[PDB]
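Residues per chain are reported as follows:
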Amino acid sequence: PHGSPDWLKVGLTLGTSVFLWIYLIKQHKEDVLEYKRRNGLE
Amino acid sequence: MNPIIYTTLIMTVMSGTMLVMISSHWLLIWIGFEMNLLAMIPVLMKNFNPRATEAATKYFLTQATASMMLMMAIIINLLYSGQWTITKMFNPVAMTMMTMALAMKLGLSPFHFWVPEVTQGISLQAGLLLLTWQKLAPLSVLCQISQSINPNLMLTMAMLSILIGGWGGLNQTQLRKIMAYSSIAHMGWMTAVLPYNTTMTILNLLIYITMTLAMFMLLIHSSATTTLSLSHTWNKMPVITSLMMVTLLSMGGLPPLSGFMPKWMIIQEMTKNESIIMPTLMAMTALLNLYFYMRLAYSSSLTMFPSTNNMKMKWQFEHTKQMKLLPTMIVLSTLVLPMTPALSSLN
Amino acid sequence: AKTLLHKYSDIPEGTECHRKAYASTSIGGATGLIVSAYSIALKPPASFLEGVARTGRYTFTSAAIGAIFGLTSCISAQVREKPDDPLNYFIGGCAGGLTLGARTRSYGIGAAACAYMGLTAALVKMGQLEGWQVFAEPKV
Amino acid sequence: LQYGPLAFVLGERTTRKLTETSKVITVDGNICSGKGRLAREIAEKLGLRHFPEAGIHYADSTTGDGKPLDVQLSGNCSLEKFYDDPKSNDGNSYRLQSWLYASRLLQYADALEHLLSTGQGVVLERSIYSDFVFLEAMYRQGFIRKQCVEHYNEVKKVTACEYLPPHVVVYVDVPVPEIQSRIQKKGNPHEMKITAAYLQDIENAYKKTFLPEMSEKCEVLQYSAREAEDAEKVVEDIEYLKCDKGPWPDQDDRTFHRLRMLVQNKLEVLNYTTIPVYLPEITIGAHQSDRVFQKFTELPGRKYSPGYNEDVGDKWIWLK
Amino acid sequence: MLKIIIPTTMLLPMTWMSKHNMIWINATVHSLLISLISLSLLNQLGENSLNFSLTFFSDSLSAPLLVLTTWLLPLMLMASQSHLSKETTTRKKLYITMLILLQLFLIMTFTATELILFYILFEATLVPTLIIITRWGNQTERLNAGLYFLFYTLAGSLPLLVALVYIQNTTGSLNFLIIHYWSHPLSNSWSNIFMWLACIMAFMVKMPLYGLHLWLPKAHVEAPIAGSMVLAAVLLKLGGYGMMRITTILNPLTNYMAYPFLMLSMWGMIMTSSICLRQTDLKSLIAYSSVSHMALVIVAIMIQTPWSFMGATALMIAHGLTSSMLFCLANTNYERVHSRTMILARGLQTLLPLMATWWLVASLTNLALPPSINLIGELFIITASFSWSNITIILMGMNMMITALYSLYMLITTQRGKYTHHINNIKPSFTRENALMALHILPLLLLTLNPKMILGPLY
Amino acid sequence: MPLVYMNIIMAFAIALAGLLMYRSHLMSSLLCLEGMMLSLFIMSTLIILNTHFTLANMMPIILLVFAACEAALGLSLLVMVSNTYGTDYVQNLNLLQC
Amino acid sequence: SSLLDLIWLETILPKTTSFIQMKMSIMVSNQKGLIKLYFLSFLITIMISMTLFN
Amino acid sequence: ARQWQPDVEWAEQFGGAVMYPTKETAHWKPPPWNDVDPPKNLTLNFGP
Amino acid sequence: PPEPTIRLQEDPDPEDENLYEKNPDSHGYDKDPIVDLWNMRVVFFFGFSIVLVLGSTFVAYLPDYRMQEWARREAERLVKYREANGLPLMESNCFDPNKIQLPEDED
Ligand SMILES: CCCCCCCCCCCCCCCCC[C@@H](O)O[C@H](CO[C@H](O)CCCCCCCCCCCCCCC)COP(=O)(O)OCC[N+](C)(C)C
Ligand SMILES: CCCCCCCCCCCCCCCCC[C@@H](O)O[C@H](CO[C@H](O)CCCCCCCCCCCCCCC)COP(=O)(O)OCC[N+](C)(C)C
Ligand SMILES: CCCCCCCC/C=C/CCCCCCCC(=O)OC[C@H](COP(=O)(O)OCCN)OC(=O)CCCCCCC/C=C/CCCCCCCC
Ligand SMILES: Nc1ncnc2c1ncn2[C@@H]1O[C@H](COP(=O)(O)OP(=O)(O)O)[C@@H](O)[C@H]1O
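Chains as they are written, first to last, in the numbering used here: chain A, 1 to 42; chain B, 43 to 389; chain C, 390 to 529; chain D, 530 to 849; chain E, 850 to 1308; chain F, 1309 to 1406; chain G, 1407 to 1460; chain H, 1461 to 1508; chain I, 1509 to 1615.
What the hints contain is simulated information worked out from the structure, not anything from laboratory work.
No more than 27 Å apart at the CA atoms, straight line, and that leaves these computed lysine-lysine pairs for DSSO-like:
hint : chain 1 : residue 1 : chain 2 : residue 2
1    : H       : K1483     : C       : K432
2    : E       : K868      : I       : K1539
3    : G       : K1442     : C       : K432
4    : E       : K868      : E       : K941
5    : D       : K849      : D       : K832
6    : H       : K1483     : G       : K1438
7    : D       : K824      : E       : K935
8    : D       : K610      : D       : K824
9    : H       : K1489     : D       : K685
10   : A       : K9        : B       : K363
11   : D       : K832      : B       : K278
12   : C       : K471      : C       : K396
13   : D       : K774      : H       : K1500
14   : E       : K935      : E       : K868
15   : I       : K1530     : E       : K868
16   : H       : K1500     : D       : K737
17   : D       : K596      : D       : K824
18   : D       : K722      : D       : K737
19   : H       : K1500     : G       : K1438
20   : E       : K868      : D       : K824
21   : D       : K675      : H       : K1500
22   : E       : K935      : B       : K278
23   : D       : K616      : D       : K736
24   : D       : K832      : D       : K596
25   : B       : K314      : B       : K130
Ranges of calculated distance between the beta carbons of each label pair, as one might list FRET restraints:
hint : chain 1 : residue 1 : chain 2 : residue 2 : range
26   : E       : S1036     : G       : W1414     : 33 to 39 Å
27   : B       : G124      : D       : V538      : 48 to 54 Å
28   : I       : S1557     : B       : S387      : 53 to 59 Å
29   : B       : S387      : C       : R443      : 51 to 57 Å
30   : C       : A435      : B       : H67       : 50 to 56 Å
Where is the CB? At the ideal position from N, CA and C, for every residue including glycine.
Throw the hints in and build the complete structure from the sequences for me.
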């Protein structure tokens, strides 16, 4: 109807996306380090 | 009804299914089936009319008979071995009666007669729930006791289900009966691989559930229950008709669409066990399902049917209620073939 | 059950024509009775006497089809002196198909029966020879 | 928070909004009668909300801008052509009747939605009830066929079996010669061509069918031209009477919840006005339908959803 | 191989993000550029192949087909630009999207190191063609034609999937290279006979074989010009490519097995060439001529000699180009006349001389006039058949004669004689149509200078 | 396996067959279902008592309870069906056809 | 053109398939909705399975 | 000049209760547009 | 029979539009003359100028990856050597028999 961009939902969406990306990057880094330590690469 | 009551009944249905899935005792499995049966009846009768009442009473009769046969199979199994754990069936035709009860619960041939009637009687949301969620528990039990089943009987009922679904879908103008016969044929495809690989059964279940969810949500969005009522959708929502046609092609098993993935895998699996004739016959029979899907696609989006004058007013309004998961369902039922090896995740 | 299958399969193909014909007639009668029961259960035509007449007609038609199948296939196999040949089953199968067409009294259905029963009989013979499995056990 | 099951679960109950003043009332008058004047005074005196009688472009007044759209893009019919040539070859008569009935259905849905969401009562002109009298007159005069009235009956049954009838129906009764005289005094050249037989059939129809059927489930106030002039007596009659014979006293909170979910989502309200039965007066071919739909799409604020039209002036599109 | 695939994929966003009146210009230019890119694949070796990766490889049987498939798209766009003029932008974009998807599926089909991937793409090509036929079709029988085209193909190809998965279960690999190096003889057994039938019939139906050729006249007559072009030029060659690829596993069973097919094709070429003589339709006549040529290609593949394979490849390329040109000419006539019947519009040489010259060249190249590549394939296949059996020539002889007849018949009925008096809406031929015919015909006369470029891997 | 268990299973099969006959009177369908659950109760009780499975003595009561609850539901449904037609005849439910 | 291509080749593969599938669909889908017949068929198939698969 | 589109006659074929009507199924009627069918207080005499 | 004899409300079938009438030099590409002319130019340049000419030249001068001159030179050197030695040209056996182990029959 006659509505403004809901900044609450926009903020929640951006925060969720950024949090998911950051958590994924951290998980990938930990997985790489843990695999290297388990197989004794470096 | 009261929304709180509806939420409670839906949660009771899901809790019955989960009780069936998580329990190791036959009595608890039967209790979960009873709970699901009890909570399902009002859902089929949300819209009160004689058609819905008739569908609900037919469903209740069939499911109660199936539950009684299930209990008799359990008691005979206990008689011939003092065991309550869900394991190898330990006995002759006690297993046959267990298979018959589970087949009547699932709707497999020759116990397929109630599915088209109940689906036609109830509304589209009730039909969605009935054709999607009500298959998890019996299929879970069958997957658990798959090493017990006699392959001859299971394969016979699977081939019968495929043939009957293919032939019965050809004669339908109602969309709900088309969906019911599609469900019968898909269950036939599902149960023909249980003796060989339950992972393939679960994969087929996931793909079929995704396609059925997409199809029912598309049918609800363009609120049509008849071929001609669906033929008027292009004059308002052509993109809906295009998505529906793509989904129908996917349900037909055409590559490279997603619906090709189960049958392919199933055929592949059945060839590992030195079985050729049945996979061939199953493909040639699924051709009929494809034919009536293609007829619906012709009537839906590939041709433009005549419209009515009052349709113009519908051009001025937009759907107040929007289904959030519909876009995801369409993509998953259309474009997931390249991710096929992910079936190793034991879905 | 499989008793009729064991009775039919135990007899050598090129000998005991009458025994093969009797076994085939029994199998055909059982199949016709099952089909009649299905038709009666699904559609009650008008009454008891019409229903039993329909069951008798179906059973006798199937029994005649099976009898002609057995006798013609066995006789062809014996005279040709070449057993284990699917061509004999082809010929016998659509001798049965032609008898079906004569019973139903339609030339087109007779030719269709010859095609689609000779092919089926040849396929069954090839499956018996090569060991094809209709309902394979789960190997792996 | 748009109204739905969640609102009903949490706080939204419409039984508490009823304050005995809602009293949905519909006023019916014969052609050229002053039904509108009486209804407007009723709405002003009783504090209700007046609804102007639904026209050809009534739906245009509620969607987008209130300005009506083109005749071909909205209605595809005109009352002037019906008056000039009631027996027209293109079947404009029954198209007019069907579009007017659909507009009346939309108006009734909107009035019910307002009454349920605010509690303030409404006053209406000819509703989906008593709209069949024009159908009957048009059939008797030979303007429409029997298939047309059969289709109208089917649509009317399927749609009107879902709503609550008005609390009070108010009828103003006026003689045929007098209304003809008012017709000449009006000055409309198209209206001059109404025959006395048509008005007699229409006038006759209200008495023969509408009063008897609505007397068993509503409350009727038959009024003449002279006594309808003063609205004080009308409002006094409205207030003195109490409704206890209709379906309204039997309704409760859940029935009102279902009705409020029904009146919202106008698409499902108008669902059965386009049923797939092919009458030549109303069926439209594929090519014309495609062209007209494309023209409707090329309208300024109709290509997208109401809040997603750039040319109208909607901003922040890429973040909504 | 991705240097061709990725631009073809990028064709879609470019088309959908194009300005409403610049889709045709953008599509034609980038399609021609992609075709130029495809030309690099032609430089083959006498060694194994151009194995780019584990998923895609190139061969001198695959390279000409890939080049033709890439070259066909600009022609299809130019042909479709005419009759889609009164159409909305969204639906034109959908049409271009379908054409691009068809090209992408064909490109991935022709490389296809693995047989299951080949089958998946081989059947993926089916959906865009079906939608093009059943959506942008003029007559009411386009639905029946689409049903025929879909169901003939699927009935043929469903046993092929079972045969392929069985072959992988037994052998252990479906890869083309592994299959060729590890090929072992097939014993003459009933199971092997049915495996041969399942492996062969799927490609036989799409040629199509004389017994199974019914879907083709319907599909060609009812499809739009782009659909007819893609069906006659590329989609028919998929069966021949599949047979040439899959026949290696089949031997020594092919010799006994080949007789029913050899007889069907040798008699069906005569039957269809004779059918061409009595036809009231241009499109049906061109379709039956295509059936005759593909029957000859079937004979060549079944004989399975080096000269047979070279002749089959050359004939496939030449027939694709010639049939696309013939359909384009018939469509140019139809867009003016709106009847699509030969006997109505007559004496068009007097009104359109250059278009009559194009008609003459197309009919001559369909007639297999030397030294065109059409006759190169014709003669190689005929010589191989003569070596196979000295009697085949007689049938071949009849075929040649009959072919010439109907070709010139089609040239005489529509171009020579007296123009129909009543038709007055025959406007001068546009630059677009003349460019279309020139772009169809010049590659043939360029290829006849370098025949080895289209003679396949057995050169 | 003694003869009493065989008699009980024969009784259950007879009840199931009678349920499958459908002469009329869906009330008879409910009666057949209740006879089936009664036979189930009897034979399960006999088996459990005989083998001295002390904790299994829970199961029959549970079964009874659940089955009776089902009967209630069925009865309710019957009433509504009758409430539309006035009689509980099976052939009245011919609106839905395959 | 007419005898073989337009008639007999059409009669064999496509038309026969269409006729057979039409007849099978008509036979299977023509059920009057009487659960009496459905459950009689259920009894018949139950007893047949008890007699055939063991 | 214009691509063919289904007319009213073509549309009518799919409006029956079932496809492929037969003599036995000719009398069948399509279900109502909404799934509702027409639905089609005692007295006591206390005497002396 | 009061039927209108009209099955439905239908637009009349439009007549074909000529691109030459409203625009001479119409090239048969587009109704807009500028887009028309530019489409003609791009088709002609990217088809006849770029593909047919440069591509044909590229295909003509492709390097010998088929190894035809290599094979000719190999055969020339081989025959030059064989004639001199007195060897009988090409041998009947493709592989040397000494390294092939036949199975002894003893039948
Ligand atoms: C309709 C348009 C065309 C469609 C495509 C047609 C092409 C497919 C036809 C298949 C060709 C023939 C199939 C099998 C050929 C085997 C060779 C046989 O004909 O010769 C004799 C075989 O004798 C008889 O033919 C036995 C078979 C008889 C039954 C077959 C049916 C005959 C007509 C059916 C035609 C219908 C085809 C289409 C079905 C839908 C040799 O005797 P024998 O040494 O012992 O067998 C050698 C094979 N072994 C080694 C594996 C054992
Ligand atoms: C209009 C009237 C006429 C005016 C013009 C008069 C002039 C006439 C001359 C034109 C032809 C007459 C014959 C003259 C031939 C001389 C050129 C010829 O010798 O070159 C050929 C070269 O031509 C090419 O080989 C063939 C052309 C390539 C064809 C590819 C098609 C273009 C791509 C477009 C898309 C493809 C669509 C079809 C898909 C397959 C053969 O070369 P080749 O003997 O070997 O060796 C060349 C030298 N080497 C050894 C150093 C390499
Ligand atoms: C027109 C096409 C030509 C048709 C010619 C025959 C038509 C009649 C046949 C109708 C279908 C018959 C279905 C059953 C056939 C059984 C064949 C079979 O099982 O062989 C499988 C064989 C061996 O079986 P195993 O048990 O695993 O071996 C162990 C012991 N040696 O393995 C295989 O090769 C599997 C390949 C699948 C076979 C294909 C079956 C279908 C028929 C072949 C295709 C021909 C029809 C094509 C239709 C044409 C339409 C365009
Ligand atoms: N059901 C109907 N059918 C045809 N015309 C109708 C119908 N309902 C209202 N109208 C038209 O609405 C017009 C205005 O109504 P009316 O009450 O007579 O005038 P006013 O608005 O000044 O009070 C009338 O000319 C009448 O014909």
